[PDB]
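Just the one chain here, the form deposited in one PDB entry, laid out as structure tokens.
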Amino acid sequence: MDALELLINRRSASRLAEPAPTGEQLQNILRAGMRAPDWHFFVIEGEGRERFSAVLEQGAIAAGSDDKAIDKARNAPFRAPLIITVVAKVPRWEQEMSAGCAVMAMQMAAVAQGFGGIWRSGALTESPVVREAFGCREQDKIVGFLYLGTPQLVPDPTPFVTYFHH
């Protein structure tokens, strides 16, 4: 689709289902996340979701979370057919913003191809168990998890604009 169309309704609602992007479609999303300067990706799908679920749940448990949070951790991976874990290896604010630039690009690449992506990154991102699951070293850091799949069904800047008249 044309870049112009990418400025559509932007009604990114929840509920992502199959089909999940595959082959080049998925490669295109990853590529887009890469070109946004001015990263290690983990593909979680199918049976892999089971494992991820177990890891998140153990993470929540070790973190002393409550039943509801624990159950939410276990059920998380099944909210989309595909999940991409973004791990990073240059000030703080720099990487912080670069991460956001990359994530937004990935979500746009998914949309452009008829898919959708929901970004997630809670406290479990810092859980020793979860970090270990993705082989995170001391310097390594889990940025977050991008849920992908096929989606299932006006902003006013004016109140926020001022002119530097001079």
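Positions refer to the first chain, counted from 1. Only the largest set of C-alpha atoms that superpose within 1.5 Å between the two forms is called the rigid core. Compared with the form deposited in another entry:
- After superposition on the rigid core, the single residue among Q113, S98, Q58, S65 whose C-alpha moves by 2 Å or more between these two forms is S98.
- The two forms, fitted on the rigid core, differ between these two forms by less than 2 Å at the CA of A17.
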Contents of the next structure:
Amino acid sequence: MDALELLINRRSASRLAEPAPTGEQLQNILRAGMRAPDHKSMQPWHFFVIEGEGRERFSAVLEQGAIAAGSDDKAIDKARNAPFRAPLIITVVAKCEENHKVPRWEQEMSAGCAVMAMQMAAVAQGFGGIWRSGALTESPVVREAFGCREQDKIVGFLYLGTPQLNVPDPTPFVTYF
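Now that you have shown the form deposited in one PDB entry, what about the form deposited in another entry?
Keep in mind that what follows is only the chain, not its partners or any molecules around it.
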């Protein structure tokens, strides 16, 4: 696939199904993430691969987090069922470290860019996915499940799988200095 094409036509897919990326195709996605912009080369991030059985555990953690958050049954139910919307979910956590001419937000930024890079790496390989977050990224139980320290932050839950689904116009968003 052409790189420029990938970027200009990039799209997120929410309707995902098996097969999910695996073997080298999955490692290629993880490798793309490692190439995200990174101020001072701090590699401020960690990836969690959630497939098959993992989804069950991930389900339980999210439901627990919702309960603890004081969410109503409707919310708790949506949380418990969240993981089963894709065959694979990659959680991205920004692993930050005290300033280094690099404020915390920039380190979190790099981790974020990693999520997009991986989403694109899935597309480049015949797969697809969508970057999701939600209030549960701030849940203590959820954070603990992904080893979040005080300065760490869950930047996204990347849902991936085989998708089953006019030229962009940037003029309204551009100004010539």
